[PDB]
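Participant: So you can see what is in the structure, the chains are spelled out below.
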Amino acid sequence: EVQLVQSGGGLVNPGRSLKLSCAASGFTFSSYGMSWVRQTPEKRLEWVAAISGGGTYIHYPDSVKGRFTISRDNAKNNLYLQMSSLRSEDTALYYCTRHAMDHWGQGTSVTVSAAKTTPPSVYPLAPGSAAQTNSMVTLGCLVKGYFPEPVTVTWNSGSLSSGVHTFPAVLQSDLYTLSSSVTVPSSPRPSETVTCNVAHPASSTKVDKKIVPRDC
Amino acid sequence: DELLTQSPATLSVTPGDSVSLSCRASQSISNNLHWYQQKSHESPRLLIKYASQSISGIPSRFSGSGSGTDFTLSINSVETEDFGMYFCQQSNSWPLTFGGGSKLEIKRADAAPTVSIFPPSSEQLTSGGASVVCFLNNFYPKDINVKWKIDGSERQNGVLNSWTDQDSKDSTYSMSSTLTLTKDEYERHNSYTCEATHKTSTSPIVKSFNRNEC
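Those protein sequence lines, which keep their order, are chains A and B. Under the working numbering, the first residue of the first sequence is numbered 1, with each subsequent residue one higher. Under the working numbering, the first residue of the second sequence is numbered 1, with each subsequent residue one higher.
Since the hints were made in silico from the structure, they are not lab data. Any given hint could be a false lead.
[What the hints assert, rightly or not] Here are the computed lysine-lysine pairs in the BS3-like style, where the Cα-Cα straight-line distance is at most 27 Å:
| no. | chain 1 | residue 1 | chain 2 | residue 2 |
| --- | --- | --- | --- | --- |
| 1 | B | 107 | B | 142 |
| 2 | B | 147 | B | 199 |
| 3 | B | 107 | A | 43 |
| 4 | B | 142 | A | 144 |
| 5 | A | 210 | B | 207 |
Bound-form chain A, shown alone:
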């Protein structure tokens, strides 16, 4: 029943502003205190702000005092977070909760950076088609220099899910680099097609890179 659905996150420059919204569902909104709580990329939880059911009595930690404003709309059953003078340190997944929090919403990601949206360069990694051996060849895909997260990698358009390992992204000074690997039996070796497919939502890029245990 209780539902909390957050929205409004996105990439914003250092110093800009943003408005997060939280739509409550399944309770008497009004009788509840509400809080904003964020999870940094290192997965630490930071409480950002709290508002009483009646919306009189607000508290904020010092980090955010005077930059952020918590507000609620008891009619429309909306909790709001106005953020301003945003810093790189406020880059996190922002959650909701109803009062400790007994109910959490899904999170909205907010990334504060100067980096500009850049699509990936996708590179096939075909084994040194000698330096192998068995019915178990591992192919790969390198997904370099893109911003921001995420990217979706598929092996042959989702079909191949057995084998596949997608390694988290590493920020090499304002571009991420990602790799994905797949293990198929030496059938397909050139035996058939193996295609890594990557989509970069933020850049509207869909790319298909055909490996196949090829090359020299």
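Position chain B relative to chain A; hints supplied.
Facilitator: Coordinates of chain B only, in the frame set by chain A:
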């Protein structure tokens, strides 16, 4: 605006084992300590409120205790559906503070990495870049050491290492080690070696390629 320190940071346990997760307050918080469970790709969920009140529907193996500065979250026979992150939060004073959490990992049999080495793709070279990649797949434990050697010499400068989280399906770990190089730097040499030292073995697991087989 008090510190809650959780120990242990990480714990590896077999389903059926008993565990204690500690959370220590830098100042006496009475019984204003709440515990949250968080699983991969899920939001935190309230397990226990006021040191010892399990929230309705929580299964019986979970229980909490403590007062003043020391709290412990005990799980009796750990179930597989219990592996994840655990956090303590204080409501004693403002601002509300949280512990860094404790990660619970499924201890399984020891497994040696399956290592794959790949030379740069031609498309990358044409861009005048060269990434040499090494996948060190499905091993246990998580500790592994990777070393690169170019023409027999060790190379630390330029390596980006990435580790997955415990496989959802088999409890192993995977890691990718990338040796990033200029095009020209790459062509100055012939042999690239990726050597993995893993508990499962006495001697290093090694894969090599030269500018040799096309």
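Participant: Indicate, hint by hint, whether the structure satisfies it.
Facilitator: Against the structure, the hints:
Between the alpha carbons of residue 107 of chain B and residue 142 of chain B the distance comes to roughly 10 Å, so the proposed pair stays at or under 27 Å and holds. In summary, the hint linking residue 147 of chain B to residue 199 of chain B is supported, as the alpha carbons are separated by about 15 Å, within the 27 Å threshold. A distance of roughly 22 Å separates the Cα atoms of residue 107 of chain B and residue 43 of chain A; the hinted pair therefore holds under the 27 Å criterion. For the hint pairing residue 142 of chain B with residue 144 of chain A, the CA-to-CA distance comes to about 26 Å; that is within 27 Å, so the pair holds.
Between the alpha carbons of residue 210 of chain A and residue 207 of chain B the distance comes to roughly 24 Å, so the proposed pair stays at or under 27 Å and holds.
Of the numbered hints given earlier, the model fails none.
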